[PDB]
Amino acid sequence: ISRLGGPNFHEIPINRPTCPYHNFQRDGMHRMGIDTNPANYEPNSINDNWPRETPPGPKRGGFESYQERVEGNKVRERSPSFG
Amino acid sequence: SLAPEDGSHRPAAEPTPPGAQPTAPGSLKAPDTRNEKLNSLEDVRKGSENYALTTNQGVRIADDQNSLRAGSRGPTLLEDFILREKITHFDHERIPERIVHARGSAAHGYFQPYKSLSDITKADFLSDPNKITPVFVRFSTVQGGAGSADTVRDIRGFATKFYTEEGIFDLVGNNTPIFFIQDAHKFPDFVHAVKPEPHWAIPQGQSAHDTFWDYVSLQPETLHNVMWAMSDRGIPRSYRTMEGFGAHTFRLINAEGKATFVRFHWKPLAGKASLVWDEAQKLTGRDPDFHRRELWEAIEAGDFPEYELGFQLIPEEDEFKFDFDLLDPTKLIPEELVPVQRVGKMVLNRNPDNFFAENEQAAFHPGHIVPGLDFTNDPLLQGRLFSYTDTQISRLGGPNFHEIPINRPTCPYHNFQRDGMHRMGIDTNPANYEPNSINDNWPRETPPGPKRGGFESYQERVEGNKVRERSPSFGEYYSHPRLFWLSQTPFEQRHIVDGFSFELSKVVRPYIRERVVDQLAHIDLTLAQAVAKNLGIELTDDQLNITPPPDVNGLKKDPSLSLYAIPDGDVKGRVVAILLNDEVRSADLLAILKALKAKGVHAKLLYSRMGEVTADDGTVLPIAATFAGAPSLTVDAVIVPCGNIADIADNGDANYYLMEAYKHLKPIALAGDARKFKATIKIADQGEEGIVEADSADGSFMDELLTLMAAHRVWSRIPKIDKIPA
Amino acid sequence: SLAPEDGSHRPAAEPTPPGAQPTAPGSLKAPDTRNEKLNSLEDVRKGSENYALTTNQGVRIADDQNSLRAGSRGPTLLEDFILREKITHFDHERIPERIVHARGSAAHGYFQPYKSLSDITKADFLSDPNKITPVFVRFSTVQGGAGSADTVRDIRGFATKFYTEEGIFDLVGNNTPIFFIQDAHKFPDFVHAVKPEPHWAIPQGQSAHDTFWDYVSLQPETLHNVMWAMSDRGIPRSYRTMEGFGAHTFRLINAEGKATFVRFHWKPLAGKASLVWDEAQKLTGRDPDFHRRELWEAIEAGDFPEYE
Amino acid sequence: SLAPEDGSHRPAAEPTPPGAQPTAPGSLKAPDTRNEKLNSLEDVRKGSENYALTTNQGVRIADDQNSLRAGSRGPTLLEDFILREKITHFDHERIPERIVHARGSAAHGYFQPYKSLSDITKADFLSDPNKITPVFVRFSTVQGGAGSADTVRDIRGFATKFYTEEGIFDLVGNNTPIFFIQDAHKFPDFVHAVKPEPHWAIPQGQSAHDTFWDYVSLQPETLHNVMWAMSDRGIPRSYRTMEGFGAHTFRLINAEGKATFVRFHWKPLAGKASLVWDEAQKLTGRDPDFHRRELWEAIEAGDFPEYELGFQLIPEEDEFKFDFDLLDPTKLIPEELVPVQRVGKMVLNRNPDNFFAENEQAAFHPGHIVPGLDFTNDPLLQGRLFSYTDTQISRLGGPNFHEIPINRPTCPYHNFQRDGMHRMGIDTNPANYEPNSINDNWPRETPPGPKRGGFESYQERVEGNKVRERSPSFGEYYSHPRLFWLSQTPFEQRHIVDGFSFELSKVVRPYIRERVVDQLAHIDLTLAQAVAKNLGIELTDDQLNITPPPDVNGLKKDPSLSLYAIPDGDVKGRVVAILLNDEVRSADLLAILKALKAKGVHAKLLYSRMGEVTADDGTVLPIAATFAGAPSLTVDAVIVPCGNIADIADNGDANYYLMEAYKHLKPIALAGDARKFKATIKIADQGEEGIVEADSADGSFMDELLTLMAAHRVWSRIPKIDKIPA
Ligand code: HDD
Ligand code: HDD
Ligand code: HDD
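Protein chains in written order, with the entry's author numbering: chain A, 420 to 502; chain B, 28 to 753; chain C, 28 to 335; chain D, 28 to 753.
Among these hints, one or two may not hold up.
[Claimed, not checked] No more than 20 Å apart at the CA atoms, straight line, and that leaves these computed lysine-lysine pairs for PhoX-like:
(1) D:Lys-294 x D:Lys-142
(2) D:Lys-599 x D:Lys-621
(3) D:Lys-73 x D:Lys-113
(4) B:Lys-583 x B:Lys-599
(5) B:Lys-372 x B:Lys-158
(6) B:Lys-690 x C:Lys-285
(7) C:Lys-285 x D:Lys-493
(8) B:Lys-294 x B:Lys-348
(9) B:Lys-533 x C:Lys-285
Since the hints were made in silico from the structure, they are not lab data.
Please model the complete structure; the sequences and the hints are all you need to start from.
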């Protein structure tokens, strides 16, 4: 945000994905992308909800975190195993 | 010298009623109103009188009227550094406005508890009733920009910065007790939906557009706060006459480490009061700064905004005792189930000196807590904690925003953080890291404890898998809408109906209005039918047969959800228009002003032109404004004294004054010949409830008037106003 | 599955009168309208239909309804990068507004001269009646913020960006033929005086307050443009029905090097028309976006704003 | 509690020589060293001892070692606001570095004039010999980044901020009296050419690359300042041992309105002294912070850097009396033609507390003048006036950079400018415009006058058409290079030849070398032939025939242009390496150390390891550094005392130490058996000029050594060093 001037850093040419990027994020300093989507939110009916979420799956799926088990209290504590 | 001889350019440094003096920066208006935060700003407060005009570098300017040029008709020269510095600073005056709540109005004050709360919290500002905490409060709308109007239909923000001895605590609330959405991850969706639409940036300060109602219709969790916004809650009379809430369950933590669930409330001591829709909308045109002006002027007048801080307290073992989830920010805790314990009073008693420096640059953040408070797993509050730090990096220019004067703690702050844009503090510590030996490890960590201890989180047990999943216990959307609906008076219900009706009529895509009406039929059929009727929609047989949602823990209603069900009228600081004529009966005016003063009610004397008029006995009456200049939108009641009524009886603007006030349900009083005005507003010869009338403005006439003003508006008048063309 | 079956969510991509259809982005409303500037913007336009929702790094999102937590009633985790990217972009959406003329409405268009003006100027965009120059025009008020009302009493700006074959030419005009003050050095003084007063930031969109009339009373050079502002000029019916002026004398320079003094004018082909004050003021309340709406709807209807 | 119980973590608050104690923030090192600016910074200085560690909001931290997580091996929680604040401030610590002079070292001090200069200028800071003006000075390189090396070959900046009673005056100069180019419009071309090349960002801190010499070869106006940079001027021994110059002709304006043209000078009271190239380049590797460090330690030792401010003054009527144009910043004014008149003395006597806050954020700009000074039409100066204000908007984050504490005037500043990012000042003025009546038009303009008046520009006549045209008076490029060349000693001339030969040898395109050689052939054929020989290039008969450029106003040389032609040696603050052995003759060390102390020369005791050695008589000798740890590059002379020389006679490092010192022309002294080292450096039995040798360090040994030190280097040694492999 300071080093590269704001949240459109992914639009600086070196940083751009070569694959598709589409979402409802808008504006920010030095905005290059001119969005034509009638909708800047979801769920929306006015653009038939596009761009859409994608279920996870074998290939080309949405990102889902591994459902790791978490068990413990809220602590600021170094694990004893690190000592 | 440019000032007038008589010194009438400078407002008196003493409390004065609205309109009596020009308004002024707070330290010049009220220089002996002090608190610890106000005093600690003295290092940066900059005077002006008797100083030479200079550059920012301290160089005296000889001619501040001209650029340097080659010849008096020549080109301007690059070497004119006086011009360029002055133009550079101008060219860079603006900073980004807040993403949301950009429109807001702020004042200094103080808070003091009613009693020690150490049994339930170790928070130092609540440890002793003699503990006085300076505050800075900013009230706001939500959707519109910094240049938008005050009296829109919108949620209002109510943000309080507590400058405590153990840290800044920011209590960042709104005027309804819930929010529109459940999980912080959808905040940009909801905010983009409500904000002006992206192609053309319309509309400002309004939810009355396709994208808001599209989102609402597809996200039934929104309906509870949407009920609030569509009620008269959405259009407060004043920031002084609305409630405030933290919305989220937080925790209090005591010296023994015991946690208690808490929700925060601010109860306005001037009572609850809102406008009516037509009045509010028209007021955004006649005075888009009405709330800002009214707040500044109340403080100038000594009508300090006062609020009682209240806690709803729920023992940790009672976490699952309700039929809604305590962590769901779309559910309120009814006061019938958990009373509000009144804990202290906040008094707002001084305006800022410079709006940009103190108000625009102020940064409030709900993650700014102090030992003795803690958070909960509310998934809306959880994401807030990220945003309010992050946003200041662009808004206030970098990570040193706490060094901006208004944001500084008044208590000590020392740590190993260094640099960043516009670094003010010059650290002398040999060390900028810990642990260090070279400064004997100073500044040092402090163990948590009963007082002056370091912050330690409450060791809440976390058990579950890493999931992006909404709790099933959040999946109920209609029962809280319904409870709120059932708790409103019948006129509050009609206004909610009209709120939805008016908004939906501005939705261009008809299927959206239909889909919203379907959601209403899940809340209450009477409401859904009344809105459908205004929209030219007919409920289907299926819609008529949707079972209503259950009561909330057995509650049929809760009157604490109404603005008006339970009288809490306070007339002090209200205002009345007095409509003058060229020969007022002085005896009328004497009695009016005297009775008003007795109750702390203000007056504005109105006429067809500026200047003065002269009463029957020669009293010179100064005119504050014209009928068109200070519309009835701006006052709580209208009195017409007796006199040469012929003077005004044919004045369209005078007659319209009374039509407008009458339409908007305001008390009207007419004495002696002023009763000829009865005919313009269609009052039967015998009179009616809410029109005070008598031969003269005696003593009973004012008590009648003032009793009406205590009930705020004349709700019984509503069926008559449909006929009046106004 | 969210759009209605009958396709009534989607505006007709053809000229329709105000109120007949929802408004839409220009390239979707009128995909057949083109000019050289609009064509050159194609490399940065982003569509939306049939695309997956992603992060800004191109990662598809599975669930755009929830944060990542430890248990479905648990705390949010710092490793939720999808949440933090999305909230961070939202957190930094705003940029400073214009010091003056913060409130304004804009449209793409084109300009063409009636004949070659080569005898008086070597400016390429004026050299050939066939030469068409794209423009982008922004109309504005002066005093109020970007969120203030359109139909205030104020000066209006009328700024035209001409994308010529020999460079950008910006003609940055107002709707009266003069300004309030003589020397740039005093611009911050006058603008401070008309702007909301610094203790309380009131009033928005209005010169009707003490500091403005103090400055005027002390600076008679201001009266000329004050007359214009106090006239119905200060409350135009539409950006389409006001005049525009460059105010200053500039120069035309021909190929021989001859200089001619020039003042710029725009004449509205829809003619000149203003509100009345009571109407204008009330309208700031009933529809503070009236002029921005009217401009956008005129263009969607094919009532294109034309100026000579 | 981690400090050593003996208190040795804390440096003594008293003057101590280089290496004796750890360095500290100036206010902890020298708390009794005060001036009005240092005193005025007290409001922002932040201490640390005895304070609790907090967030920036003032909340005490209990555990600054851990993030908040779910379980001690679990995931980090978003509600860790303590972690996020601390990482956020870190993540934003950096600000853009200066476009040029990014690498700079700075200190506080004061200035006083010798006598009132009222007859020639009304500048308040020069009006009274008892008026002390605080200053802040930053010295710098030009090309390299803030993290580049100090002892590069480059021009040096010398910028002085005077905190005067009538405003900030910035005298922003360099260590040579001219600049490379004539018109500010070419500054980005010149700077881009010298800076690292844009494809690969190489080289750092060096002009020794193609694009620089390409530009120079195509712009002969550059050649004069290129001569300076190629001489030993480009590699000063210390910021305390170089000259400073404002370069441009400015004006002084007195009370009577008379203008006098002036050029500004700083004379170093410690004399002029430079490194030699091989030493300078190697020192960028062994200690890239050598000048920064040397400045800091001189101040901690009490060897305060002192400079005498001087003026070359030229009456208006003499504007056109020189062979060159006074407004041409590629031309110098020879002191033989116009002497420097002594004006006053500046002493730098305290280091900053925090480098980022005071040094990195300081903003200097030559347009910051004060009444009694004014500019000229010098077309380089004219463009500078635009840049130094503009650049701060990004560098320091907006138009309030003057509110950053180091930048603030100590005198009053008041005006109508408001807002901007980072606004500190809270204005209470009812008015933010003038003329105003509402604050009686305050703050007010001040007419010009003899003292405390407003700034008015000297009403210089302008006559011409609007042109982008170089004055023909500026079209002469060679005579000043030649005057500079002819003014240097023969050894200086050889160093110039070697600087060009070395730099052009790094230029990859040969045609560029050839074009530079051809330009040199226009300056002086001896120079051009000598550089050509080193590059394997043969001058043509045409080149051998170029006629030299004219004398400058009849001067065939001016010795004030040489570093060394007129002796101005000063040993105080210099340093000597003492090479110890494991049984030093203690009588030698007593004699050496006391002789050095009496003249203010420091010593560093060196050995093959750290810890201690023991002398013949049992005295315990603390070792400062190893031979390799503190190489001869870092000292001015080397002394080897007698003792068990066998200990070190076979130590490669010990031997190499003397060979490196020897090659770089430094005085070397050898006592008793240390004379066996004579064989290492190839000294004849009967010895040579620049090697001191005796049976012991008694009698005249130390005087002979100090005499050599006063002459800086052993130039006579030059023909000897070419064959030695070091
Ligand atoms: C995840 C994003 C997010 C979420 C979910 C919320 N907020 Fe917020 N809020 C912001 C992100 C934000 C913000 C963008 O950070 C603001 C505006 C810019 C800033 O300085 O803070 C802000 C400002 C802001 C203000 C104005 C403070 C001021 O006057 O300066 C108030 C009153 C609230 N918030 C209150 C609330 C309430 C009652 C919420 C629901 C319980 C809520 N916020 C949820
Ligand atoms: C020296 C200061 C100054 C002066 C004296 C003027 N302007 Fe200006 N103007 C600015 C400095 C400025 C500015 C602060 O730079 C703005 C605001 C932000 C922007 O982009 O430029 C601007 C914007 C601005 C705009 C809005 C452009 C847009 O839509 O972005 C218009 C129409 C004008 N100006 C027109 C005028 C006219 C007719 C003037 C009288 C002859 C005038 N300006 C004097
Ligand atoms: C028109 C462009 C321009 C030109 C022609 C000059 N400068 Fe400059 N200078 C700048 C534009 C600039 C600047 C880019 O604005 C800098 C770097 C960043 C800063 O704050 O100022 C700067 C920095 C800078 C500094 C560093 C100040 C500090 O320590 O922070 C010094 C000492 C000089 N300059 C001296 C000179 C000299 C002796 C020049 C020739 C006689 C000269 N400048 C010409």
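Taking only the CA atoms, is the gap from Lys-285 of chain C to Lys-493 of chain D under or equal to 20 Å? 15 Å, holds
Between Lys-690 of chain B and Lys-285 of chain C, is the straight-line Cα distance small enough, at 20 Å or below? 68 Å, violated
Decide if the proposed pair is consistent with the structure: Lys-73 of chain D and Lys-113 of chain D, CA atoms, cutoff 20 Å inclusive. This hinted pair holds, its Cα atoms lying about 18 Å apart.
Given the hint that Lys-599 of chain D pairs with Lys-621 of chain D, test it: the Cα-Cα distance must not exceed 20 Å. 14 Å, holds
For the pair supplied as a hint, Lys-533 of chain B and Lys-285 of chain C, confirm whether the alpha-carbon distance does not exceed 20 Å. Measuring from Cα to Cα gives roughly 58 Å; hence the hint is violated.
Please verify whether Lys-583 of chain B and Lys-599 of chain B have alpha carbons no more than 20 Å apart. Violated, at roughly 34 Å.
Please verify whether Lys-294 of chain B and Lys-348 of chain B have alpha carbons no more than 20 Å apart. Not OK: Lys-294 of chain B and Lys-348 of chain B at ~26 Å, beyond 20 Å, violated.
Take the C-alpha atoms of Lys-294 of chain D and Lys-142 of chain D, compute the straight-line distance between them, and say whether it is at most 20 Å. 17 Å, holds
Could you grab the alpha-carbon distance between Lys-372 of chain B and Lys-158 of chain B and see if it respects the 20 Å cut-off? 12 Å, holds
In this structure, the earlier hints numbered 4, 6, 8, 9 are contradicted, and the remaining ones agree with it.
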